[PDB]
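Here is subunit A:
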Amino acid sequence: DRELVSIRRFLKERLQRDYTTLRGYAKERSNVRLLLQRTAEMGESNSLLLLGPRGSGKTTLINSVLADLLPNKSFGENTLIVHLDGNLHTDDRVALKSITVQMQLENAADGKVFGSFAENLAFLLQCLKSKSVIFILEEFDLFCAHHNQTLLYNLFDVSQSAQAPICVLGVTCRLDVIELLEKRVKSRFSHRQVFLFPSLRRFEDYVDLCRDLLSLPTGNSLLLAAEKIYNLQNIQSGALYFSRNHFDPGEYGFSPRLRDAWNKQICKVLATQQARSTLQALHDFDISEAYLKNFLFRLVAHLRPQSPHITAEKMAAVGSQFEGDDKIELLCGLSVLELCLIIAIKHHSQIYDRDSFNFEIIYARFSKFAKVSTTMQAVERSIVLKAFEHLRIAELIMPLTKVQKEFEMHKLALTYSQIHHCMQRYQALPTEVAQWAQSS
Partner candidate 1 sequence: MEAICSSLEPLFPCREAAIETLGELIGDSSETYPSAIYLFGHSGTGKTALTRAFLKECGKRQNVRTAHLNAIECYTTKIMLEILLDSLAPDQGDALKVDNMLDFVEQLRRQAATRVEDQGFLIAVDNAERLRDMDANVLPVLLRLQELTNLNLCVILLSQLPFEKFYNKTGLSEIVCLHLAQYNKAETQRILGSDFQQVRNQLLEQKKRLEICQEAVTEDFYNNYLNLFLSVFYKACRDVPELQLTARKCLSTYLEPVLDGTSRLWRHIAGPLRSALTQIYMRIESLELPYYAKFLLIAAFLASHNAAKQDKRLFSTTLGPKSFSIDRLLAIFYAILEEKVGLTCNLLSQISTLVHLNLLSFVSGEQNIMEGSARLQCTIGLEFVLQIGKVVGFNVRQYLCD
Partner candidate 2 sequence: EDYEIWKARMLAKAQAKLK
């Protein structure tokens, strides 16, 4: 009843948020923790860089380490964190402005001229004198793409010169990120200080993660987590990028019976074979946390008082919805004439080994079919041209490159198997089209 709604809310919020908690990766967590401990507690400067496939919570690992390291207060008051993103912070100047703002030194820097970026960063760091900074650059390559790599040069130069305490935590999915650095930047950067995120190769870990994400934790766990988050929310002005709008598990409360029943059901469901094979498929495909959280969000979202029980059939259902093909659906969505054009193009492509086609040829074939058709009779030219255009706009037909509309040469962007499945799946063919597509 209300309980299902509660649980659904909980799971949804947990999936789409929960910016701090990460499971496993002890070595990496400890490593980053130690490095940040160095920079914060001992006051030295370093340049770290994280590589890993897009989907694996590496930013989450950073958030977790910070989540554990910040509330010590001995570290909290002294250090401050600056978040930067290659997609948002472009043009360098924007980044510097945002650094100024994030250090809470916009007022102390208001109305001042600076010759270069460096001379500005120096002032910004001077205003801190003490205190230390942790720069966190997401999409590092996009920062490598910037002009002269000024930001990176100066940050790493400050990291190399050991002047003032700052740490540069880079985050990217790009292996050759190191090769994108200019010599002067690459020289000032700690080589072989890059650490690769291995992700969860093992499938049992995947299933266990799924179980953890779907299951409900003890009230005490929720209480502790809530407390920790609340403690995180009070640090600084409360403006950390993993504090605002957090999971906040202190808003949900589940009775012991409900918890036991639910978790028992989850285990029972993940104990079965079909669920496990569904997860096996997902794992075979993308092996990323985001994919799993997507599948699970979809699975959780479909919980209703009509079907309050999460079951393997649902997992297999959503899995099937994942394994589906969109283009074949859209093809089935088409009209008859359009599909007849596709068939003509298929014939043309099969006979001439994927030679480019021109509207005239397809119209010629469709006409040759039309003149002897029962249904496609008395329908010519204009509509066919409209259908062709429609196919062009839907990018079912790609063009290779003002040329004439009628005389444009094209490439077709479907696979014969897709068209075949379309024929098999399309309702309701007028039988002539089948035979027209069947042979000859």
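Criterion applied: all candidates are chains of the complex that A comes from, given by their letters.
What we mean here is this: a contact is a pair of C-beta atoms (placed from the backbone, for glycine too) under 8 Å apart; a residue touches a chain by one contact, two chains touch by 3 or more; residues count from 1.
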{"item": "Direct contact with subunit A in this complex, candidates 1 or 2", "value": "1"}
{"item": "Partner candidate 1, residues of subunit A touching it in the complex", "value": "8-9, 12-13, 15-17, 54-55, 85, 87-90, 94, 98, 139, 141, 173-174, 241, 244-245, 248, 251, 290-291, 293-294, 297-298, 301-302, 304, 326-327, 329-330, 332-337, 358, 360-361, 364, 375-376, 378-379, 382-383, 386-387, 393-395, 402-404, 407, 427, 430"}
